[PDB]
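Peer 1: Generate coordinates for the entire structure from the input sequences, incorporating the hints supplied.
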Amino acid sequence: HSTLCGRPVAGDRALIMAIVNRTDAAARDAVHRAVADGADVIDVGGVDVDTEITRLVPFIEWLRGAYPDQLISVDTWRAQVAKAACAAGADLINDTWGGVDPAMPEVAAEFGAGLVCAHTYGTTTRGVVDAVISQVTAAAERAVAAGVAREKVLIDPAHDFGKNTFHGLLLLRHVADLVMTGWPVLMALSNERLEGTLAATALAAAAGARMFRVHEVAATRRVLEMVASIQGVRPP
Amino acid sequence: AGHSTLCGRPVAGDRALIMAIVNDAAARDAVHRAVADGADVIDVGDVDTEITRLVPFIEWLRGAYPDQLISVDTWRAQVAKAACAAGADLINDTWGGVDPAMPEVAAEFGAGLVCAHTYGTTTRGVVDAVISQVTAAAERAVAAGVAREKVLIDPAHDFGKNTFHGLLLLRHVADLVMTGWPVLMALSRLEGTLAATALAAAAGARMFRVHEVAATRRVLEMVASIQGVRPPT
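Residue numbers (the authors' numbering), protein chains in the order written: chain B, 29 to 51, 64 to 86, 95 to 168, 182 to 252, 266 to 310; chain A, 27 to 49, 64 to 85, 96 to 168, 182 to 251, 267 to 311.
Be aware that a few hints might be false.
Partial selection, computed: residues in chain A whose CB lies under 8 angstroms from chain B [what the hints assert, rightly or not]:
no., residue
1, 223
2, 227
3, 269
4, 277
5, 301
Keep in mind the hints are simulated off the structure, nothing from the lab. The beta-carbon is built from N, C-alpha and C at its ideal position, and this holds for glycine as well.
Peer 2: Here is the structure:
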């Protein structure tokens, strides 16, 4: 098994980040299920800042209690929120917006937490990819120079785009290029629809994407296992 | 439109192809469901009893769907010959050329032919032997007069997606595709199959032999739209 952010993480396939939202027992169960199905990261998500803290903290606290070796990430764009979440036990900040809060890399640095760097004439269709690669690659370097450990930085070049928009599909076509930057690549492929999502997952995983943010852990795990088997089975 | 053509028949022009396996009433229904789901090919499958059952069905298929590519799943020339006479466009020789007259029957009718393949050597050795022997079988068909562009190679027939060789040939679909012959994929838990299908299609595999068309179709659609052959939805 590999380690991401000092936590045990699957070593024989791409990793799974499981989206878990509050609304309590259901949330607890959501975690239990994701772990059981092999989630490598539990990505905890949720109006206010004060109340948002009093929603994430006990949950992260509980999660860390139940699963001491589980890699926990927090889905927040606010530095104040990330601060208490890291203190509660979060290992990774998943800035789902991109860097609306300039103080965010500082927070990751202080707590020794990882950070997701996400991407929120004319020039060729190749340039569109290079324009993205450039912007996330700078986001990654700006985090590292702020004091975030290099290895704990992941890049999320195609965030929120979802299944079928031109930009989305292009970046999907060019995952290999994203991977070749040398930063671990996070994909957010989620949301009859699932066939296309799994196909994209497969392709992305085959091009070297490191992590996948999903709601359904098991379907994704089985795809990544198959990709891994196809690409890596060699003992006859 | 924008269809392209296989064996003279319209075929999805913007994704890899689907071959639907159909093996009386519930049989006709299976064809109806497959065609509606966008199956590009309907694989249909003593000689006398096999023929007298097969022929009328292919004559029905032809009449019910005049522009549908039809393949016959048989290993004997006699049965194949009777199937092509009924309307079959493609001989799906599922046993890899047990009957030596098979390519003669395909040539006679101007039918297409699937050159199928079904091993303690090296990893590269398997791939090379499979390629070697499907590639030589295809060239054998063209020598017998089968139209070059109506030949399909079936490198991994029945290989089993979860067996070691099945995974080996999946990893090397590119090598199969690189031979220049159109590659049919035909192996028999759902997400792994759809994963393999996704990977084979992006590597340029031409056709997929399946039982359930819809799910495979969606996978091929996505691959095609990722590679820019289909538009964004």
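Peer 1: Can the hint on residue 277 of chain A be confirmed by a CB-to-CB distance to chain B that is less than 8 angstroms?
Peer 2: Residue 277 of chain A check passes; min Cβ-Cβ to chain B is 6 angstroms, inside 8 angstroms.
Peer 1: With 8 angstroms as the cut and Cβ atoms as the points, is residue 301 of chain A at the interface with chain B?
Peer 2: holds (6 angstroms)
Peer 1: Under 8 angstroms is the threshold here; is the Cβ of residue 223 of chain A close enough to any Cβ of chain B for the hint to stand?
Peer 2: violated (12 angstroms)
Peer 1: Could you check if residue 269 of chain A really has its C-beta closer than 8 angstroms to a C-beta on chain B?
Peer 2: holds (4 angstroms)
Peer 1: So, residue 227 of chain A near chain B? Judge it on the closest CB pair being under 8 angstroms.
Peer 2: holds (6 angstroms)
Consistency with the previously given hints fails for number 1 only.
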